[PDB]
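> Here are the chains, one letter per residue:
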Amino acid sequence: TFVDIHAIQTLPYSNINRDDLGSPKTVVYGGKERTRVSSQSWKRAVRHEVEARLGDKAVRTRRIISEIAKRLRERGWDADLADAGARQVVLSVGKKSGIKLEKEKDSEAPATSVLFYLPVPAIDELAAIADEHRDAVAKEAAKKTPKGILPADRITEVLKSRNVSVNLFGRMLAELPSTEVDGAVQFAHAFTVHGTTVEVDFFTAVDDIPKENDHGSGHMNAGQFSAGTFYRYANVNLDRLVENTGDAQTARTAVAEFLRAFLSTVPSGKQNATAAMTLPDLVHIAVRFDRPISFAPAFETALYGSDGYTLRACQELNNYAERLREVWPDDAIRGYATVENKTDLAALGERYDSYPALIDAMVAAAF
Amino acid sequence: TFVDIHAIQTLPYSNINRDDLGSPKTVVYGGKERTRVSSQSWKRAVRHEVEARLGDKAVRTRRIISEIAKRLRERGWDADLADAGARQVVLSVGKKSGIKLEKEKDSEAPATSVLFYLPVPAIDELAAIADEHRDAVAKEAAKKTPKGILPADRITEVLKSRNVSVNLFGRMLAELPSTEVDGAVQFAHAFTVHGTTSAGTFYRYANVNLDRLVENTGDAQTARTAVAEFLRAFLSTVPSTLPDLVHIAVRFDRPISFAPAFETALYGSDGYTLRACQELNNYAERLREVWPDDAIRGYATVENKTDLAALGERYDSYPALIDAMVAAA
Amino acid sequence: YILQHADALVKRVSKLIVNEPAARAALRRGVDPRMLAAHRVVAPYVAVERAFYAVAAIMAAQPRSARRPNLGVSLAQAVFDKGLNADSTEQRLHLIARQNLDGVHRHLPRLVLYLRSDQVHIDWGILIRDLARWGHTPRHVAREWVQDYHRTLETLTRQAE
Amino acid sequence: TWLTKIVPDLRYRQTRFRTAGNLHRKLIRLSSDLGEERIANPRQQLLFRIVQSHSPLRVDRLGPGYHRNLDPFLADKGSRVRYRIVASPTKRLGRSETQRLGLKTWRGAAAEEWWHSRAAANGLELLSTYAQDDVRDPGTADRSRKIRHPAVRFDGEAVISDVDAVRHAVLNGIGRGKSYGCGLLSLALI
Numbered sequence: 002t003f004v005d006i007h008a009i010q011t012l013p014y015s016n017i018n019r020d021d022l023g024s025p026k027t028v029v030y031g032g033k034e035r036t037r038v039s040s041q042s043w044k045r046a047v048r049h050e051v052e053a054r055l056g057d058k059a060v061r062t063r064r065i066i067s068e069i070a071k072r073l074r075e076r077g078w079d080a081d082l083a084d085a086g087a088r089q090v091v092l093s094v095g096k097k098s099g100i101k102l103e104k105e106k107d108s109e110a111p112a113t114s115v116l117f118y119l120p121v122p123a124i125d126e127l128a129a130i131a132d133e134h135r136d137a138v139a140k141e142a143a144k145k146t147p148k149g150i151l152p153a154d155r156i157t158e159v160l161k162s163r164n165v166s167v168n169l170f171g172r173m174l175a176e177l178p179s180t181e182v183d184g185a186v187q188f189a190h191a192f193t194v195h196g197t198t199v200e201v202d203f204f205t206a207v208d209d210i211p212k213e214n215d216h217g218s219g220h221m222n223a224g225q226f227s228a229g230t231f232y233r234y235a236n237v238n239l240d241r242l243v244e245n246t247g248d249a250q251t252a253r254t255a256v257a258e259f260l261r262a263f264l265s266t267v268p269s270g271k272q273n274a275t276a277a278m279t280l281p282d283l284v285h286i287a288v289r290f291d292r293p294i295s296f297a298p299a300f301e302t303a304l305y306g307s308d309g310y311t312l313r314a315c316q317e318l319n320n321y322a323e324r325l326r327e328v329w330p331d332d333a334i335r336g337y338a339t340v341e342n343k344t345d346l347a348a349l350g351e352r353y354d355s356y357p358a359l360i361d362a363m364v365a366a367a368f
Numbered sequence: 002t003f004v005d006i007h008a009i010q011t012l013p014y015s016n017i018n019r020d021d022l023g024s025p026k027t028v029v030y031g032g033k034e035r036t037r038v039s040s041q042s043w044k045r046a047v048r049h050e051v052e053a054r055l056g057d058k059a060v061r062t063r064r065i066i067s068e069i070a071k072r073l074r075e076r077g078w079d080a081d082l083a084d085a086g087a088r089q090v091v092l093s094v095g096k097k098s099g100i101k102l103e104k105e106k107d108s109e110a111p112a113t114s115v116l117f118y119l120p121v122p123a124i125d126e127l128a129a130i131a132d133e134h135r136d137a138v139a140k141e142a143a144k145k146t147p148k149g150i151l152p153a154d155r156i157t158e159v160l161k162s163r164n165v166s167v168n169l170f171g172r173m174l175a176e177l178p179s180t181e182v183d184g185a186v187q188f189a190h191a192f193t194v195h196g197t198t227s228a229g230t231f232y233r234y235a236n237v238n239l240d241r242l243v244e245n246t247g248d249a250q251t252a253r254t255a256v257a258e259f260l261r262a263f264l265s266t267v268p269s279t280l281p282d283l284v285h286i287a288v289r290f291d292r293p294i295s296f297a298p299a300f301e302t303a304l305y306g307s308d309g310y311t312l313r314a315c316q317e318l319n320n321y322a323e324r325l326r327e328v329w330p331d332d333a334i335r336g337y338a339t340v341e342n343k344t345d346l347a348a349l350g351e352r353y354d355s356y357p358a359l360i361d362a363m364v365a366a367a
Numbered sequence: 005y006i007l008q009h010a011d012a013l014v015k016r017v018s019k020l021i022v023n024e025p026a027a028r029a030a031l032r033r034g035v041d042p043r044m045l046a047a048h049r050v051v052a053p054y055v076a077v078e079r080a081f082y083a084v085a086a087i088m089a090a091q092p093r094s095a096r136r137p138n139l140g141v142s143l144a145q146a147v148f149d150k151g152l153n154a155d156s157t158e159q160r161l162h163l164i165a166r167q168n169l170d171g172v173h174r175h176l177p178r179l180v181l182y183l184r185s186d187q188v189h190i191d192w193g194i195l196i197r198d199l200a201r202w203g204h205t206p207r208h209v210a211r212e213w214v215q216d217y218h219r220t221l222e223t224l225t226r227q228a229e
Numbered sequence: 002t003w004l005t006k007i008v009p010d011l012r013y014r015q016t017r020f021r022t023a024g025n026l027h028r029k030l031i032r033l034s035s036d037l038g039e040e041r042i043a044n045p046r047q048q051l052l053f054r055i066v067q068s069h070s071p072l073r074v075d076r077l078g079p080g081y082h087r088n089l090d091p092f093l094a097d098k099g100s101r102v103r104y105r106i107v108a109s110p111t112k113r114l115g116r117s118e121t122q123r124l125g126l127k137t138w141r142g143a144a145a146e147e148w149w150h151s152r153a154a155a156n157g158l159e160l161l162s163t164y165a166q169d170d171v172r173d174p175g176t177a178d179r180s181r182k183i184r185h186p187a188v189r190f191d192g193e194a195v196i197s198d199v200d201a202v203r204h205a206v207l208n209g210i211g212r213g214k215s216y217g218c219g220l221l222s223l224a225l226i
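Chains as they are written, first to last, in the deposited numbering: chain E, 2 to 368; chain I, 2 to 198, 227 to 269, 279 to 367; chain B, 5 to 35, 41 to 55, 76 to 96, 136 to 229; chain A, 2 to 17, 20 to 48, 51 to 55, 66 to 82, 87 to 94, 97 to 118, 121 to 127, 137 to 138, 141 to 166, 169 to 226.
Check each hint, because a few of them may be wrong.
[Said to hold, decoys possible] Subject to a maximum C-alpha distance of 30 Å in a straight line, what follows is the list of computed BS3-like cross-link-like pairs (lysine-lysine):
id, chain 1, residue 1, chain 2, residue 2
1, I, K58, B, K15
2, A, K127, E, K212
3, I, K161, E, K212
4, E, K101, E, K145
[Unchecked claim] Here are some, though not all, of the chain I residues that point toward chain E, as calculated from beta-carbon distances under 8 Å:
id, residue
5, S114
6, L116
7, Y234
8, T302
9, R324
[Said to hold, decoys possible] Here are some, though not all, of the chain I residues that point toward chain E, as calculated from beta-carbon distances under 8 Å:
id, residue
10, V28
11, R63
12, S98
13, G99
14, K101
15, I294
Because the hints were derived from the structure by calculation, they are not lab data.
Virtual Cβ for every residue (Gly too), placed ideally from N, Cα, C.
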């Protein structure tokens, strides 16, 4: 019921995720600092591939009023009535008079206090419910302190609609606790197997038309990048995911596309400047029934170096996998797919020649 | 929809780009330091070859006021009126009163705070817009703190004009987000295949998101010419030798770099060309095995000692290869 | 005391970085055996030892574009003047103020080197003696840094009346 | 010759290694029996990089808490080698009111020109290049003054063309300012 996927994937001079100051994020793990890609960023890349591939798109936005206002304006409303109607949509919710709103921006509708995470068609249905009450809204727009008119139960039931991204990663809305959905996927922070010092490349921008003082000055900013072989891990709690989606078949499609997306996507962080696209060197999906088990302790001892880390990392994940299957006996269905042929890697179960075969076979192996 | 080109190219005594102290930039990759040529330098050389070959020239400059002032002076304006008019052109744009300007330098008009990336004819249109308002400029030069008069929307529309270089590499100017263009080309940092304690065999990689490039240029034939000329520039040019091997692939699902192929640093003592070609071949086969796909591959090499089977159908020459697969997209 | 040798390091080193590249590149690689190439320049003037070596190296790893007040006042003035993010530099200040002697030298380089990016003035001598003051009064120096930051931010905002 | 890695420190906490001239002096003071055989027009018969010597060095004040010797007779032209040299590429010009100017095209390519001239018949090889130091004496009388020297660090692979000629280059040094850190040419078998 716990599909957990492990992966080793090198990235060359990537600098996929920067702090606010441009340095790649680092974990001092095992006593040595090692650059990492934050889980939330990669989780966003995965969710964008999943929504893009499965066709249902979710929208995490703080300015829902403006978008609903755009739909009502395309529905034939004048701009002011569209704005007032969308304000009624967001005014009609919450314990208190309404959802708290951020300070008004000139020329545009105010942004809501909390971020919303709902499918696009749900926005369209909110527009329709706001549409059928055109006259009540017309009379109600004139008052100085307008009150909520829309039925609270219908709109709140609309805000409960779940996307695949919502079913998989969950959502939270403090003001509307009825809509909160617990996420079914755990995404670990991918850190480097080996210790990496941040290498700074001094870069300059050439002014095309020659000027004597500036070219001679040659004054420029510094950009910090880093490279290394990341370890990646993720869990999928299948029973809870089936409760969220409801059907087991939709959960299956969600899982297959999620795993494939997990392998395929890369966060895209300064990728025009540097091409960090890359397929994982090793993938090991296991279907654990008792509990998900990450292999991060395997790499708590930083690798020394001087030689290519990919092969040594794969062998270390292998020995650690054998030792854990010995120490914690289980009937969990394991399986892996690798590019290198130098080793058999006996502990990672039966080998599959390709990633889609592995993913489809083991996900089919779980339901 | 993703044309990605790989290439291995040795460079003899190049030392093309130095850090601020002159040492070639190095990556400690795979645990061992390997000299590299930065992506920004090659991207600049490539864009200069593309602009030079297609005839359309883009200009990334911080001192636009001075150049437009020079054109207006050639249009018959007095020097002071040319300076005041160009100051009005750049003052009349942006949210706040105008684009921020650096402290004035003696004998010349002040340089703008941010670098501009616009075509040369766009400069000519800016000169014309500053020209048609001659009386407003003549009256407006006398006040102590002059404000912008030229229409801001039209000027932003001239600044929105895209060169081939802008369509290909993209631009950024924080103050006018209407003009921003997302780049369609990813350019990897060329590092040495082997560890080097300069000369060596650099591995080079680049992506072209054809669909985004088609959205930027709009038309598909001009996108085709842009791509072909870009690939040709990438192979022919050297930042200031022909690449020993080139492997273009047309990936529909995703671009895949072969940098992990060289994560194991090469030992040395023997010519790296042969071992590098064999390693890229072996890694390409294994990746096509692990990730099945219908991507159209193709390569071109000078050596005939091997028939790298995994790199698809072999083409005898660089232009034949580029033309066949670019025509295939 | 300490500040006297610190000033010797600031002038002497301030000249070697801007003057000789090989030394600049040999000391900047240590921002452990990997920094021994740096001793040849800094070792003779030296918890304080860790302070001197680290601050000289970090001071030396700046871009050329960057080549008695404290660090908090320099940060607040950098926020108000250069327009850096205030709330975010705020949490980084609050994270350094808790570190130990070994943590200051690992959390410090990003903010100080990035602060000197976009030409922010930084009095390296005071910073050196501050890194020396972690061996005896870590919490005290931390409190001074933070207090200086908020007080000078407030006064700079109020003087813009 | 013989190769050794020594370290110099500053003797007290006030810096009474601050300058280049003092580095020269400190280097020569650690070799007792010294000789100098000069010829007009060519070079002279130690060398250093920021150490190769003819006589046995013995540790002096504020040095290491411990004290290799090579001859190139052991074991060929054609072979590639590892390299690093710190030198001063120059041009000699007439100055208003002669002189030594660094620009000898000025840029990397002029520096490689400097290479074919400086190496000549010896070894054709991979010199890492950059074209881009100030010093003054501590006061000692009749001991130089103050000025500026520009050093460079070449790194790469060479091919040998005339073993004994390479021996001449390695032992005499290549370029001016050998006494200010420059000159020592290091090669290594691939």
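> Each hint needs a verdict: does it hold in this structure or not?
Status of each hint after checking the structure:
Note on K58 (chain I) and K15 (chain B): the hinted pairing is violated, with a Cα-Cα distance of about 47 Å set against a maximum of 30 Å. At roughly 24 Å between alpha-carbon atoms, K127 (chain A) and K212 (chain E) fall within 30 Å of each other, so this suggested pair holds. Proposed proximity of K161 (chain I) and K212 (chain E) is supported: the alpha carbons are some 26 Å apart, at most 30 Å. With a CA separation close to 17 Å, the supplied pair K101 (chain E) and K145 (chain E) stays within the 30 Å bound.
Taking 8 Å as the C-beta contact cut-off toward chain E, the hint placing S114 (chain I) at the interface is violated, the least distance being around 13 Å. With 8 Å as the threshold, the beta carbon of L116 (chain I) comes within range of chain E, its nearest partner Cβ sitting at about 6 Å, so the hint holds. Restraint check, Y234 (chain I) versus chain E: the minimum CB separation of about 6 Å is within 8 Å; hint holds. At its closest, the beta carbon of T302 (chain I) sits 3 Å from a beta carbon of chain E; the interface hint therefore holds under the 8 Å criterion.
The beta carbon of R324 (chain I) is positioned within 8 Å of a beta carbon in chain E (closest approach about 4 Å), and the interface hint is therefore held. Against a cut-off of 8 Å between C-beta atoms, the interface hint on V28 (chain I) holds, since the closest Cβ of chain E lies about 5 Å away. Restraint check, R63 (chain I) versus chain E: the minimum CB separation of about 5 Å is within 8 Å; hint holds. Residue-level restraint check for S98 (chain I) is violated (minimum Cβ-Cβ distance to chain E is 17 Å; threshold 8 Å).
With its C-beta approaching chain E no nearer than about 20 Å, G99 (chain I) sits outside the 8 Å limit, and its interface hint is violated. For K101 (chain I), the suggested interface contact is broken, since its CB lies about 17 Å from the closest CB of chain E, more than 8 Å. About 6 Å separates the beta-carbon of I294 (chain I) from the nearest beta-carbon of chain E, less than 8 Å, and the hint is met.
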